[PDB]
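Visitor: What follows is the residue order along each chain.
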Amino acid sequence: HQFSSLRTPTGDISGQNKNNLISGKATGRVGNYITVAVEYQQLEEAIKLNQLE
Amino acid sequence: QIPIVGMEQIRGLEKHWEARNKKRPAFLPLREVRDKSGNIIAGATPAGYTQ
Amino acid sequence: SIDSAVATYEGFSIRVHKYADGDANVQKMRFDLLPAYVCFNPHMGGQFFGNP
Amino acid sequence: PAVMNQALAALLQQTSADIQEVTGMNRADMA
Amino acid sequence: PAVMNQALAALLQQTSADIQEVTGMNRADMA
Amino acid sequence: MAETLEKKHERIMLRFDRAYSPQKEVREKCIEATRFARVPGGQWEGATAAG
Amino acid sequence: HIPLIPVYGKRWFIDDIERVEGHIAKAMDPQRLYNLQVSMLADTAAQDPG
Amino acid sequence: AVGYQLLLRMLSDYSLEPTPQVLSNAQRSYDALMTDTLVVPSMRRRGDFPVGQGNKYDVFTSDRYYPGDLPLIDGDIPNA
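Chains as they are written, first to last, in PDB author numbering: chain F, 54 to 106; chain B, 355 to 405; chain D, 372 to 423; chain Z, 406 to 429, 450 to 456; chain E, 406 to 429, 450 to 456; chain P, 1 to 51; chain H, 305 to 354; chain G, 81 to 160.
Don't take every hint at face value.
What the hints assert, rightly or not - For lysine-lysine, the following DSSO-like pairs were computed, each having C-alpha atoms within a straight-line distance of at most 27 Å:
id: 1; chain 1: P; residue 1: 29; chain 2: H; residue 2: 330
id: 2; chain 1: G; residue 1: 136; chain 2: P; residue 2: 8
id: 3; chain 1: H; residue 1: 330; chain 2: G; residue 2: 136
id: 4; chain 1: D; residue 1: 399; chain 2: F; residue 2: 71
id: 5; chain 1: P; residue 1: 8; chain 2: P; residue 2: 24
Claimed, not checked - Each pair of labels, with its calculated beta carbon distance range:
id: 6; chain 1: F; residue 1: 69; chain 2: G; residue 2: 120; range: 52 to 60 Å
id: 7; chain 1: Z; residue 1: 411; chain 2: P; residue 2: 27; range: 36 to 44 Å
id: 8; chain 1: B; residue 1: 387; chain 2: Z; residue 2: 428; range: 20 to 28 Å
id: 9; chain 1: P; residue 1: 27; chain 2: G; residue 2: 118; range: 48 to 56 Å
If you're looking for bench data, these hints aren't it; they were derived computationally from the structure.
Note that beta-carbon positions come from the ideal geometry of N, C-alpha and C, so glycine has one too.
Please construct the entire structure, taking both the sequences and the accompanying hints into account.
Guide: So, in structure tokens, the structure goes:
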């Protein structure tokens, strides 16, 4: 929040305006999923795939 | 618990009901229930009480 | 909820209140008393003056 | 006449028991 | 005839118990 | 090297602010508990004037 | 040494912050609810005597 | 709804008598009118009711209890 002051010779602030409390927010949102997908046949795993890690 | 009454039943008598625990009345007055034609349907008892 | 005290003078008690107005930013004080008189019998008093 | 509901009495009993229960070899037994 | 409502009796018993409860190694146990 | 006392004082002030900032709710609860247990009118504090 | 000698009732260290507890903290809610129950009972009892 | 209520309140001017079917239609229209304008006040808390210790209140925020009305104090008119 932010405010403002007043200047009076004696402190009488009866007839002037007072600071109001206007509140604001910052809104964040989620994005889109990040997906990496692979596939391979069962025979390939047994005969033609090594060092999968 | 609070009693439930009708406006036409209790109107004009609220000053006696508002102070039944401070003063010590001999009785409490209340009217009857009437139809649109003026016939009497129910007694002077309150309709019910809240739970 | 007002700051108060009492004071004494010649056997009489006086109540003092101290308060303030915030917006005008002023401070004020008051002292209060309440008397009461009775007259029992008028035939037991009066005014006297010297005879000529 | 005025009446007392069961919920108020149950709350009275429960709180009165719970305050005492919460508020408290031989030395280890003491609070 | 007259009647005694439940709330008054409940308050009577409750306050009678609370007075005695509030108003009070053997020496340490004394009030 | 903080030759002047006006240079030594604000370091103390920042140190006090740093020490005060985290330990504020523990002492909060301690003061609340003491006031609740000992002040003769403290068990209803927070709503003393209500109606 | 610093001549301050601290005394604690019960002390723990949970999340980078010292925490302490005495003997009155744990029973505040039942007491402040019992008081309200008693007050509400008294008001209702006094409302309608007979 | 408005038309049927007006017909009910104005039919006596020409000295006729409404029929039960018209009465039922008027009642149904009035019920449809009243359905759309409900209130359901949904009563609040009391005001001295304690709020839980699990809500984690603070000193300068007060709210040890649900908010309620607060007295007016004046030092010039001795109401007391």
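Visitor: Each hint should be assessed against the structure and marked as holding or not.
Guide: Now for the hints, and whether the structure bears them out:
no.: 1; hint: P:29 with H:330; verdict: holds, 11 Å
no.: 2; hint: G:136 with P:8; verdict: violated, 38 Å
no.: 3; hint: H:330 with G:136; verdict: holds, 14 Å
no.: 4; hint: D:399 with F:71; verdict: holds, 25 Å
no.: 5; hint: P:8 with P:24; verdict: holds, 25 Å
no.: 6; hint: F:69 with G:120: 52 to 60 Å; verdict: violated, 42 Å
no.: 7; hint: Z:411 with P:27: 36 to 44 Å; verdict: holds, 42 Å
no.: 8; hint: B:387 with Z:428: 20 to 28 Å; verdict: violated, 57 Å
no.: 9; hint: P:27 with G:118: 48 to 56 Å; verdict: holds, 50 Å
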